[PDB]
Amino acid sequence: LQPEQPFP
Amino acid sequence: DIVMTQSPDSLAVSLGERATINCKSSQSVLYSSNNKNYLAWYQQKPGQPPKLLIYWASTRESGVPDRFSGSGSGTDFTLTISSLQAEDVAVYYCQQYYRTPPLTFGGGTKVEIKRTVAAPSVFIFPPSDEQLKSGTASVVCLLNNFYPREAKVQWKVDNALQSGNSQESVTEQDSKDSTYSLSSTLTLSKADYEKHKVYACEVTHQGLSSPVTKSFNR
Amino acid sequence: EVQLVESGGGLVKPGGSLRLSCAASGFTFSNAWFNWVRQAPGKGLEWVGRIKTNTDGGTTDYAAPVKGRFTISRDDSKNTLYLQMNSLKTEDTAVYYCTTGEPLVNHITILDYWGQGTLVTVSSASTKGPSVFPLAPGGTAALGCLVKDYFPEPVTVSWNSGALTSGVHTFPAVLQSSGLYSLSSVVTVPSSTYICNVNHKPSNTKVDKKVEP
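Protein chains in written order, with the entry's author numbering: chain X, 2 to 9; chain C, 1 to 57, 65 to 72, 74 to 80, 83 to 109, 113 to 231; chain A, 1 to 9, 11 to 30, 35 to 72, 74 to 111, 111A, 112A, 112 to 141, 148 to 202, 208 to 228.
Certain hints may be false.
Pairs of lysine to any residue, SDA-like flavour, derived with a Cα cap of 25 Å [stated by the list, open to error]:
1. C/203 <-> C/177
2. C/45 <-> A/172
3. C/45 <-> A/176
Source of the hints: derived by calculation from the structure; they are not laboratory data.
Let's have the full structure, built from the sequences with the hints guiding it.
Structure representation (structure tokens):
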């Protein structure tokens, strides 16, 4: 899966 | 359910020297799509909430002094405080935000200043008259501004050593002179306090060649 | 400035309920994901739960030891976050923080902002205000106040209304055999001016004791 915290 | 581990448990470093804290994750926190480590560091001074210091493993939060540095990758991370000041005394936590909820933290690492040995100043307080009229008597012994934390306090009633009717607590390390203080309270019934006459507090510490006694009568 | 101010902490018995509040200012409340994190005395940080923006459906998530008993809600109109605790257990005794990331950089699990925390004591024991007794009197004197037999924590002690702050040491409370707390506070020098302002908010005790030789 991918982490929830988005990275700009 | 990534488990965060920290090492060591405690750290004493001299002022101006380098403190190094380690953090381990039970699985990688790196995420290959970007190359970002989903890991943060928090500083918690005594009696205060955590304050965010580092995130993305090495991005220093705004306003945080540059002596604070973060590094590492995947499962192994390090927080470095290069020029340790007295105000940096705190517990430091790492936190993963890779596998989202829950947010999980490490157990923390306490950082304290290593300092020249300081002998304690000693003071003894007889019970107030406000307390004696109430059937209990509290005699307090103050060990003030000493280093390191290890000290032994012995109560003596009429030169008889006591065991299990005192209690003590220690301040966290002073943010300025990096010393500790200790307060011990021996509690007796008003009856037993009046049966006896001399009340001694004896103090042992690295900084004292011989023990220090402070006493009163009545 | 960002402000997270919490209230509602205090004493509550096992199995009871209690609502903590967190009032926010200084950022867009409606775009923030809010968290509650708690810290048992002398232990670590443990994430309690989370609520997303209403735009994201106001989804709530809870940690395992707390799911089924705790409820998080938000009031975007009042910029107030709530932590609602039910079926309380003694192991829920902790300082509770509200915490969130800055929504302008889209921090949802990076915790930029924390409140000062509020202490929740889960006990069947009952409130009691403290007794405050003076402690009197190289070339240094010591004086202070002894704050004895109170429950629960905390007590806030200050000297001279308060500041005077130099040479002061307020010691961690000790839990006596009685199940009540006792702490002491001290200061220095041979002078004179010295009032200790003791306050135990669970019992509305507010005492100012003057220490003289």
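- Determine which of the earlier numbered hints do not hold for this structure and return their numbers in increasing order. none
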